[PDB]
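Only one protein chain is missing; all other protein chains are in place.
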Amino acid sequence: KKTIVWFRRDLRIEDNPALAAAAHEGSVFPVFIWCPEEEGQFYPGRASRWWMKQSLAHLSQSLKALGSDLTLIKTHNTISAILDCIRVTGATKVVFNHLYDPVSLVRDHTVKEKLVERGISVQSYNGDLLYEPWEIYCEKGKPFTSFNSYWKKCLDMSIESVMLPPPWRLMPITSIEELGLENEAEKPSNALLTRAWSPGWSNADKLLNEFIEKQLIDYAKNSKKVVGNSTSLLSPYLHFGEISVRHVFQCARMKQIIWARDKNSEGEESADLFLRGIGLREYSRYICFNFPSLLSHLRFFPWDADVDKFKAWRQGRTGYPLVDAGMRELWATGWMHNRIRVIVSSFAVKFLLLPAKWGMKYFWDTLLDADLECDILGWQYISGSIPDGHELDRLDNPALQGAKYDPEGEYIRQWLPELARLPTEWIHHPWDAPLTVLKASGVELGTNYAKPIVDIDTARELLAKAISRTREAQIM
Amino acid sequence: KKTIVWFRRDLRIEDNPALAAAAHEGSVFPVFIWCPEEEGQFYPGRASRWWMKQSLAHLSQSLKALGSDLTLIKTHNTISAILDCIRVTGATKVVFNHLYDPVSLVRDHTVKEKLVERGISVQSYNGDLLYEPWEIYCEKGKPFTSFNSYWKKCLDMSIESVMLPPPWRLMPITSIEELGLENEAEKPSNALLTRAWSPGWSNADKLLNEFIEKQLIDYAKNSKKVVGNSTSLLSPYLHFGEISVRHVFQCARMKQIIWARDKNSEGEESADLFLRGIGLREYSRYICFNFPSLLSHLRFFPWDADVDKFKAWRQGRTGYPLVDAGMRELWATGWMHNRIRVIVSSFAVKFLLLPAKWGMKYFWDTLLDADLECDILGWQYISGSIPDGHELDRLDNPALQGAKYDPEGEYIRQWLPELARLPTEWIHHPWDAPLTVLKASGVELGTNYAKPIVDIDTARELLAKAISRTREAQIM
Amino acid sequence: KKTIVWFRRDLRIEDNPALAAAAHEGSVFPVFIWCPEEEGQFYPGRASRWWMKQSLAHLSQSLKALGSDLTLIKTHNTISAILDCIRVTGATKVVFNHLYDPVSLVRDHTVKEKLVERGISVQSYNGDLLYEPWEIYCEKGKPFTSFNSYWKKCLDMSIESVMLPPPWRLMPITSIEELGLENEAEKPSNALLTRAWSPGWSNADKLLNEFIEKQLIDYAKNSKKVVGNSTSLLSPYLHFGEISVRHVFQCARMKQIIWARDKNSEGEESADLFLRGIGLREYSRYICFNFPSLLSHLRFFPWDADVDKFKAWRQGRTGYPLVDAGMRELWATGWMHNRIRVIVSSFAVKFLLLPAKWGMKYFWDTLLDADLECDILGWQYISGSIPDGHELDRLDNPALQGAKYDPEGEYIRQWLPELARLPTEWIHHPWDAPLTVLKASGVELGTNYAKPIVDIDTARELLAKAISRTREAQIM
Partner (left out) sequence: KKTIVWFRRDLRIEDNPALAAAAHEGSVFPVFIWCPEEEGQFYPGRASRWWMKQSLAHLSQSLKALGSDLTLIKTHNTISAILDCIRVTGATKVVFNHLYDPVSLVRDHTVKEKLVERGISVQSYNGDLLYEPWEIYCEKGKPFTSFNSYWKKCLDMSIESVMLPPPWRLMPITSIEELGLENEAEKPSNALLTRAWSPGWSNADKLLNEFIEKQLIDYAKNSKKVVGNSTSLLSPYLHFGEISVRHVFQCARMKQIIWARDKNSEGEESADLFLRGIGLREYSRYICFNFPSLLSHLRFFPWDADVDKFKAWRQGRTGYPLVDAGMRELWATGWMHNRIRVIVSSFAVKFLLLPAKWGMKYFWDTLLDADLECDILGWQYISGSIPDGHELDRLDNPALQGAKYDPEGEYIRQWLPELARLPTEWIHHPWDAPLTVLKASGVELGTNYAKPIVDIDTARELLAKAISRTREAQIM
């Protein structure tokens, strides 16, 4: 009769099963409810609130071209807000799509019991995953604990889900500003993020075509290089649900059969490794559902509570050029390559030895794709929580990690133009360069480029004493 | 019979009248002589010696494909060096091309009398100019003193010179390394200039085609913008004589008649303004020939002899973002847009009030197109020596000169990535921004960006007291 | 356990429901059986047998890259041939896809009862249609009789079918040449069809991308012009089942939502008219299933049994330049634009008044997309059998049908280069041109271009006497 489609993090119209199912019977009107106080400490950060504002306006005009209007409501309790929207419009059903983070699971469990008190039929759908996490089990019917044990089952699952076409027409018979999504001082500096990004589902479709046709071919040899645009740059579109992940899986498995029929064995190997990256997004929702504070294996660790070392880390003034170039790209554009996120966060935890909660809260505020389940899997991968993760006893050599991800030094020279005439054999560790090499370029360490804020042999021996105390503070 | 073609600053084979005339009679062999001690204080700088080294090797292989070999000689006196090359090879003639800087004029005057002592016929040719400076006169037969009085005569001169084809074959019947053109410490930092530049006459021809076909059309509206490659980037090719200037004048006047026949009035107006820039190169040789220390109208000026202000100027750490971005581009690439060269040199002379000799010697060492006659006309244009030049009583507003040459702030954000989230209305003067605007971006002045090293009202009143003393020290 | 996939007219691997269902359980091996004697008079023609030969070899190597081999069998009775293939390989199931022409419907009905005598499970699938013809009914549950009554129901059908991905791997545990598909005299003239066409499912995918990205935009204004490639040229791929028709419907309805979101109202109108052409392919299978000699409303028509008029028609020597250019393109390439097929077949039936069986048998032998159900709907559309078809009392003016489909005369000048200097106002009717116009070009009618073989006023009055006799021979 009358159905509310409640948009939360599915801001698209293609392959939207809650919008497609409501457009079969009767009258539809779409609703977004901004209720950030139920998230608690996972209130959306500053750069994420800019992206929601831009793509809700993109979604509102596209629903108007199908013939409707998007209704906005601001409350401190969203379960009292859709119920007040039902009493106004006289609606009988509420349809929405699932979410899997642990805050929204107990929130969606309560809104179902809140609305059979008023006799409203509530239907929820799957719009985010390939399979649901209660479908992938082991031989005994128990959940997995490693990724490649989990991903070899999803590729042999005896089924696969489909892509729904969008509806042909919507019908209403007809709101708050909610534009509180930004402060007025931070407003012109937020608008400079549009030099690199453009939100909306119509732009997510153009970036999937641009990746499939240009650099998906070279992905198996280039996905670790930070020079050049070698990855898809799809992660803020995939976080807000502007591109369907089953739409990506279908199109990549169709390019793979054409390249196997040309015997292009490298382009075919690239299509296999790109789908493994999509399976890491599937796995982050999997262990969040099954094993829902966070990093408890580091709770007797002696952390250095130094706030000016934290200020030098986010300013990009540490004296380590891969860390400084990554922190300047993060502030300028709101995105980092995956291998640079490992570099700047291993530096914060192992070298400066600041608390990991401090760095997680800075990533939550400055990344455009700040995802609750993917930030958990990333910070557990660098701290050694995951079984098949990184080791904690190890510190990375700056010259070796420089040669892997930035072999010609062109990532450092783009973001630190003061080091543009420094040769590549010393550009990732300028404190080791001899004195006449440094002044053959225009570099004096301490005046126009910084000295290293901690020496590498200082923190390597400061960690082994700090590792060996939390081993005996845990046994007591 | 046997003819030496002495290459000095004409490193090409197309439109080379000394090479073309020698290839008519008999045996030819080419000679370069590196003799930098006759230049005195105009010894070629560090970046210029890198370009000569790369393009002599480019010229040597192209003369081999015509069938010869380039002979190199190093001496502290070049007039004793070609005479020793004549006695070895048994040559009868020496042909070369003219130069017009005041050191080479008295040096070429002496080598003619040095070689009729041995009975050697010496012929010199015009390879650098459209007309010779003893051909453009006024109505009474006297030289001009302004540029547009001079350039309206050259466009109505009753003649024009032609483009010689290269010879079809050369004939010898057959050297020092001279590779002393770089220090071994400065060698790997010099090689990083190849990220932006490629010397040689074959590359000068590809950059003339690339400019004529892409952005010569938009030159009349874009030649003052430093964002984007809006100019030709031909000046280090035109300084070393790898592209002929009569070849440029012919090809641009042929595009102008095609655009006038399509009634493309803006593309035709752009071709008129680009040839006016070539006439400024002609005019710099004109007043050097007629009026050959240099800036004597500022000789009782009180200069501040502060050497750490000079170190902060060439490091790009002054706190003025147009000056800092221009000084970082100059060190990284060896080239600046013409409007930025006015900005960074007016700042050194009017704000810091350092001696102009100090800044001229730094431009001589860091520019790839460091030309003796063009650096004279440029530094006389900013100091008020020229009649139709800049005023000396004026200081430029940083916001207004920012909006003219960098209207969207994309030149500052490329070279100073720390200011990438600062809005455009304050990016050229961050000390005027309110305090919540600066911390809405990641900018604290004094820690990750510098404070202005002198305030603008300090130096404006320091100049008016310094101007008014050299007015009375000159009358005494 | 072991399953035969019987390929008949579904020569692809993407969206193949019989191949996809067999690849779930066990061992698969593919089989084609050439049995042309069960078709009777619908034995495949000469150009169709060339295309089957080229695309079976294309399908055989693509099944090898998935790990199998295609087995070929030649029999005069295909129901005795798959049963002999089961006894060899020890297979338990046979899966295939439906067909809807009236010969294959009674043949598939008998092979099901032939194989439960041996206890073999037989499954058939839908691979050719959007919906099955027993699903589209009227309000009373009866089949339609007009096209636009039928197509307005298919666009409102409460369901739609999906696109299956191809299998990841096939398994056999392992044949006749059947290459009898061409005679040895006709073999080198058949191979010249490759100048215009390339069979195989991998080429059907490249022609769908090429049409969606280039000229689908302009289809609503260009689909009646025979100058230029304005249509998709997909019909021999769609006849042999090398491209899926649900794959076309999905991709065209996705381009339609992007163009509606740019307010490109003409590109959106073109996507609506292209899907109406696909619905004509759906409708031809619909009335073949419900109303399964053929043109019985012309059975007392007095036909002229003149065999040299039939020889002049297929040679393209009639003196009517649209008919002659269409007959020369048909012999050279094996394809005609849809508006030219109306022209050359209305000419054979209304002007020459030859029997329509004679022209249908020539189209069956010379077209690459000679489809049984689509040739029926086409020849019923020109003869007036269909209710919403052409009128039979009318003859078309050659100048008016020339201006509609060939407005600048460039289709005639391509295929009849003798008329290249004839102006456009007379190029479609040269017998009406004045005598000095014809000899201002190089045209003398009767020597280098033919006179019209029948005059237009002769056959217009010969038809009205021939129409009015079959009206009274039918009432008796």
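Chains here go by letter, A, B and C, matching the order in which they are written, and residues are numbered from 1 within each.
We adopt the following convention: a residue touches a chain if its C-beta (ideal position, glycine included) is under 8 Å from a C-beta of that chain, and two chains touch if they have at least 3 such contacts.
Peer 1: The chain left out here touches which displayed chains?
Peer 2: B, C
Peer 1: Given the contact definition stated above, which residue among C:138, C:332, C:464 or C:473 touches the chain not shown here?
Peer 2: Considering all chains, including the one not shown, the answer is C:332.
Peer 1: Touching the hidden chain in the complete assembly: which of C:67, C:302 or C:442 does that?
Peer 2: Checking each option in C:67, C:302 or C:442, the one touching the absent chain turns out to be C:442.
Peer 1: Which one, C:157, C:179, C:192 or C:305, makes contact with the chain that was left out?
Peer 2: Only one of C:157, C:179, C:192 or C:305 touches the chain omitted from view, namely C:192.
Peer 1: Which of C:175, C:315, C:468 or C:474 sits in contact with the chain that's absent?
Peer 2: C:315
Peer 1: By the contact definition given up top, give the residues of chain B that touch the hidden chain.
Peer 2: The missing chain touches chain B at positions 13-14, 24, 62, 65, 155, 158, 160, 162-163, 165-166, 168, 202, 205, 250, 253-254, 257-258, 260-261.
Peer 1: Which chain C residues touch the hidden chain?
Peer 2: 185-186, 188-189, 191-192, 314-317, 328-329, 331-332, 413, 415-418, 420-423, 436-437, 440-442, 447-448
Operating definition for what follows: only the chains that are shown with their structure count from here on.
Peer 1: For the protein chains shown, what form does their contact graph take: line, ring, star, complete or other?
Peer 2: Basically the chains just string along in a line.
Peer 1: Could you work out how far the Cα centre of chain A sits from that of chain C, in whole Å?
Peer 2: 51
Peer 1: Roughly how many whole angstrom separate the Cα centroids of chain B and chain C?
Peer 2: Each chain's C-alpha centroid was found; their separation is 71 Å.
Peer 1: In chain B, which residues are in touch with two or more of the other chains?
Peer 2: none
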